[PDB]
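Next up is one chain by itself, shown in structure tokens, the form deposited in one PDB entry.
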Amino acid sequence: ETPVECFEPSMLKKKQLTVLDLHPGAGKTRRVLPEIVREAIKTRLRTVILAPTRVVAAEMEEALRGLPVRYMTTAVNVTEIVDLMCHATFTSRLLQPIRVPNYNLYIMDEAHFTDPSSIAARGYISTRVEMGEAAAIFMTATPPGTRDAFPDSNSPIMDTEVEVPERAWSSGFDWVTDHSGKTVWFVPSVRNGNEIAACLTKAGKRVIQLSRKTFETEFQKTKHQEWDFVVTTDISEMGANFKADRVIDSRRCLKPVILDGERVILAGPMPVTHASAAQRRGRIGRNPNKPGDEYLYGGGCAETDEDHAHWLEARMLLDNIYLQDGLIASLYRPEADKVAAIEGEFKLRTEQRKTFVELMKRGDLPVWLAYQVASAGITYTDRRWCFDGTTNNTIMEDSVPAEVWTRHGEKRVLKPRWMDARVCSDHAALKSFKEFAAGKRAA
């Protein structure tokens, strides 16, 4: 229950689940993780290590060099004693009709990650631990329920609430561009990031944008002194290391919300959680001999309620991940109260379960949307639902209805039967959903 400040080998005994909240300067990846891994190899424990991103996974692979650790960059079925993969890869593996190894040790890094695949992985793991099959270590500086937006750092951080631009500006924010150092700017969305980055670029700044779809390749560009701003969504809350001296934090996020069980809207921008604010601020103050890092933030914090879609989507995943004796994993208890749904409420019959996973893995659809289409009895290749919805579900592209040529040869207005705002959030999202609706892409 209570987080612990340092690793101790008793945490590796079955039924133990520990939240490890390491102090600044502890060297989690380079010092603590190899100690845990060596002790795991020592006691012949089948172990998996779960990184939030491929960037962190690559950092772990380096830190663990010379140890028998196998890094699985993709969710392909495999079947030397320590596996390494991303949270998302792990959950994708759980969905395959192949049993995942009987790991007796799970190590999850940046275990505060609130994406549905991470929530689902935490529920599966905590269930395996509760059943005496394994031990688990959840590593995070911001465990569930944290209310401290201003935790300790290696060096003191100068915190100041300011007006943070939410749109492009032409004047009135000279403190933004008068800065001569490096700034990480957290924005609530890709579209907002696009508008802010363009404005900084117009002002002569060298900007790198980061988001979930681009993160691995664009994060590489940060590894040099060749930039003035990183403009990033919340994805950089999950262990992204920057050499910066300032964070500009909107303190805002978008929240996917299922309205009346009929549609998903992206509500907000609204205040971030305390954990998110702490992690954003946590990009700086990291050098104990470099004072003066600055955290400029645009508003207050607020805690999630039950209307956030990711926890329902995690239950949709876990209901369709088998265990022995037909068992269904529960959410990790600190998060279980974020949904009203019970284990099994979303468990689909075999053929519709298969379509559900196809829409997610092949179709790149959000979990909620994939579930609506699968549970309606629609097969994966039937794209008619993308066009026969209410006019109220028309997706707009440049202030006119978006239009798609189907592989059958008709031009159709994009009007999905179920509307999930995430498929048309940004240009990259829409482009993908358009290719999906065109029946062109079976991936």
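Heads up, when I say rigid core I mean the largest set of C-alphas that superpose within 1.5 Å between the two forms. Positions refer to the first chain, counted from 1. Compared with the form deposited in another entry:
Once the two forms are fitted on their rigid core, between these two forms the CA displacement reaches 2 Å or more only for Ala26 among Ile41, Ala402, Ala58, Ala26.
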Contents of the next structure:
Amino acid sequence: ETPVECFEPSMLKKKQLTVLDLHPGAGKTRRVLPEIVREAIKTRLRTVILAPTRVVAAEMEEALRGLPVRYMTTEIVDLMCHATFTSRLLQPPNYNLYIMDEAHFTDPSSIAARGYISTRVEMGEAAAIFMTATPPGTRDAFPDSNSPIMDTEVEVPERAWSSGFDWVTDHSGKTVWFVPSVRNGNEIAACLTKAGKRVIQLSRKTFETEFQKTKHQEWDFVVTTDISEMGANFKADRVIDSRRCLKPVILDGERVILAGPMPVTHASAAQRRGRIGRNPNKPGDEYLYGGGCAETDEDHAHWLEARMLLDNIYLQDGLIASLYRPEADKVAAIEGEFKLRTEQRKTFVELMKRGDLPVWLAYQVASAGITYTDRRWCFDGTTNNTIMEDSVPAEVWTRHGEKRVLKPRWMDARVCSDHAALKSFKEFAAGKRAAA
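To complete the pair, please output the form deposited in another entry; the form deposited in one PDB entry was given just before.
Chain alone follows, minus partners and molecules.
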């Protein structure tokens, strides 16, 4: 179960799961992946490539051009995102080779995908290669890089500033700044823009659209959440790292809060720092970081949400997939305890795909026997669940013509953590849906 740093053809045999852990910038995505795919084609395997984002799935369509690779938005090598793969498993192919790039991605759909894949491997039905510089259990925040990095611990602004921090804005290059949340990024970006900087903001909801702006000369800062840890390539000379994240936590099975901001894992710190130092002929890149790392605890909601997904994915007769073993200890939930019957399972999937709700919240609503289009639960919760914005209680016109206070029966802090999330949830609660 030890990671390797070189691909060999014998890794493609069934029952092998290999972790390829070359350091950041070493060429996993653009040079090792095409070598694996060529070998999979020559041995006539049924192969799927899993990219963390549609952006990366484009960086692969280019590093694989000329090969029979077919990108799938929802012989021939299949290419899709982690989320697309898990979404397809939740719907009513039998690959024998799974290649997952950026296999450190900790979103529930990626965790679930690794659990399903590693289970197929242990069943003797497939081989798999997990590519990541930071596999689970990474404890080194400062891995190798193509060019040496200047690491400096410094106080990193956590809110807008009106003076001081001259080192932030006196820089003449391009900076990638990792923030713990969209709302914190909004405040940092506005402060930078007031200083005359050209700022690009990245988050999960906006990444596929806004990342293209970074491919141009005309920007000074990218202000990004942890989504840029997943193989986002920048031409930057500096990373500023809060070393902070938010952690969704299920409190007593009752609600989801956003805990923190609190220290990132070593893997996240290494991936953030790994955005620079990538040009072997360009010394002098800087990594300015604001605190220490800490390891995830038993209570990060994403691993329990991954079990909610896997309990509802068909495997083989009555079997359910386990989590990938190095992550299976992050969850106390019993295999199968979140399995839904057929009609509630359809609602569960619809609330996630069409409703844009977090997994945990979708599960609560679906397992209560609520159908997808019935939005009464958004308004009948405890007054403690009242959603606020601008310190006034949030209100919504329902399609029935009633103006109701947003007061969901189950409280998931992710539906109201920033303006974009709240806008989406208000439209959901009103029975509307933005065109996407």
